[PDB]
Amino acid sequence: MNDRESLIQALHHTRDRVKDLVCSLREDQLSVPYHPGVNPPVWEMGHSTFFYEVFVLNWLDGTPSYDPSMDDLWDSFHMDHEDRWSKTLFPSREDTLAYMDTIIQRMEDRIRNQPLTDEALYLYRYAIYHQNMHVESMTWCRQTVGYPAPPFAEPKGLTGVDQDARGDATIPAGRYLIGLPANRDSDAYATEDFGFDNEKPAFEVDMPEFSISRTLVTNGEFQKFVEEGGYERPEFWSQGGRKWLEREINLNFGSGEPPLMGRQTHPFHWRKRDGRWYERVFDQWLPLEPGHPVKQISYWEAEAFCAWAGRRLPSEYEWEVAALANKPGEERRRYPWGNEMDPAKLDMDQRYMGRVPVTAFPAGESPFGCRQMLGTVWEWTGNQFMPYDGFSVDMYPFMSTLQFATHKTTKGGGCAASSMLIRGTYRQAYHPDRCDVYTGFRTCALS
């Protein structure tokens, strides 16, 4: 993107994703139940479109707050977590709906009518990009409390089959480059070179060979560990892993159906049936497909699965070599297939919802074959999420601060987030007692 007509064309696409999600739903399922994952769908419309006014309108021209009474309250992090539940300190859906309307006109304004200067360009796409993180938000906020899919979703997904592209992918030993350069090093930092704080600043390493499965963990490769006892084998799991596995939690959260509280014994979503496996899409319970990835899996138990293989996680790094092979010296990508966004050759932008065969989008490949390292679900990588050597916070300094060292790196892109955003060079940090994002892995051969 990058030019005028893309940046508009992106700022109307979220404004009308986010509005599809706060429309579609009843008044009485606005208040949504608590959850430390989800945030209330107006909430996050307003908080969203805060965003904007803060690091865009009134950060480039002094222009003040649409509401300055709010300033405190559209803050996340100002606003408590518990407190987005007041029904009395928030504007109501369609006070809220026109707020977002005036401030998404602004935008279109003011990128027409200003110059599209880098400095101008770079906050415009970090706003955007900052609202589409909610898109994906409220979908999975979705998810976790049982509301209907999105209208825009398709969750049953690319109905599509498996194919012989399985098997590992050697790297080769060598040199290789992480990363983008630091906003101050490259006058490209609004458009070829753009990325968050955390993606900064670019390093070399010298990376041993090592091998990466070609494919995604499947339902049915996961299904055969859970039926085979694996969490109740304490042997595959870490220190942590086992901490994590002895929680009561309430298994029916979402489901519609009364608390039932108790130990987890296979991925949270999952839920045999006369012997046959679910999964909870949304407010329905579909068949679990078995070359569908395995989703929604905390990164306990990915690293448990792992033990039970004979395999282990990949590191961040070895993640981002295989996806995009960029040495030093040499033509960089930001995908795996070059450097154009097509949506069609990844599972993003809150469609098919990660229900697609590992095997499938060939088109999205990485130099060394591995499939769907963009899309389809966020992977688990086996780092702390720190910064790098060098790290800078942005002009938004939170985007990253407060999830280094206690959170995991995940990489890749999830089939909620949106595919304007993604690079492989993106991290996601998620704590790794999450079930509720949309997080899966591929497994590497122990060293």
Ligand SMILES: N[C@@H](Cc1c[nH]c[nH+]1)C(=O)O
Second form
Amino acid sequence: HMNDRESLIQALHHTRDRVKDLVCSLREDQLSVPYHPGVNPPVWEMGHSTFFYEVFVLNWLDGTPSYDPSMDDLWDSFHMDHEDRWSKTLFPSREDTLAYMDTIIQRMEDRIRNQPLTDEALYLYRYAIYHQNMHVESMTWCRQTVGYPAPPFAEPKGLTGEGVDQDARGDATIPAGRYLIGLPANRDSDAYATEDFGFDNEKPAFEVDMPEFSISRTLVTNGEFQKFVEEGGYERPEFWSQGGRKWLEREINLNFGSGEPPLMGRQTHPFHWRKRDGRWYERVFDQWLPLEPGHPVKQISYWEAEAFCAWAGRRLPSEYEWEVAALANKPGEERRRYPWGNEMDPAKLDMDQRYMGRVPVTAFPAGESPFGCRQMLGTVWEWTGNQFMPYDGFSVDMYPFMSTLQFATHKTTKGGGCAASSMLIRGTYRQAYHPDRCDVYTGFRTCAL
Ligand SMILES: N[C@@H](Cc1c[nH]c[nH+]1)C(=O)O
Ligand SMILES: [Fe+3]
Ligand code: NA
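And the form solved in complex with the named molecule, for comparison with the form solved without the named molecule?
Complete assembly follows, chain above in first position.
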């Protein structure tokens, strides 16, 4: 699991190598990426994700000073502003920043090893490693947005071998009743650092009288979404909401990521789609691969999903509806953090930056939920209808900006993404994304009206 020095130390090394492979694989000319509201300079993410260790572990527990105190405000995500991260005068070189990382990674490992494994240190150990892995995803989707080559550790072609399409397709009517949502608060549990670990957005736990509903056991596929495109949905202003219709009227460079000159216009299909000689294609980092039909529709907005749900007479689930259909945890019963149980097998889901969402929607049957819903935890951040809002009883974490900057404006997505790492995923997990975003690995399944 994640209660072992070994597991932590292995996770720390896996993460550092992920970051290292992400930044060294780039050419010096590529380290300064094209500006985009959702991307960040990769060397900065390496430094920033390393500073978190110094702040919320090394200095937090031992008072250890910073490696270079001069950068203690330039690595901070709250203090530093997005546009000023593309400086090349304020920030050290990829070579010097790599040393900074490797030094702090060693300091981290040394403390994990040569200092007591208090529940406090464990909670902080995991929080920090996870935060770096949250940036492994950011750096990975930066490459997709700016059109850089795929990360070395990735297999973006996807599960081509297990290309399949079982009869699992269908909605699962879920039994009504009282279900348990979320994780216990850290003060109310002596396992806050172990079996009850979660971020502030997942706490405090609560119960819900849930009416029965039917949710598709399968994610919406490229082919299913194709019909909505072919039927002119993006031009039918009826299936789109007020914000959806405003999002439809945006004028954006539809050629961002493509090495082709800027082309300003309105979106008529998923941003990363393009029809070539009648065949639908999809940009996969530096290549335009054919859009396989049984693969999930990915990198689409909440409005694109909203419109599809209306055009299909279906609905988006709520995040509570989602969690009960994923873990089916009921108050007083034994609970599970994963739809398959409480032990994590990286093989039961498309995560850890590998198949990159190009998996048959009806794959990973071992990660099936109690209700038969497949590929819930992972593949693509599934849009929900609820707005990211604090659970009643919210308490900020030691990192108080984990959720407080993304309330109301953002929508709750659940599950996990091809670019997100498996050590941090949980059914209770909540990831906020702005509903206008098409740069993140988002998808959706549909409920029944
Ligand atoms: N809530 C923050 C958490 C985070 C910090 N760094 C990366 N991610 C976010 O989703 O962006
Ligand atoms: Fe961060
Ligand atoms: Na998912």
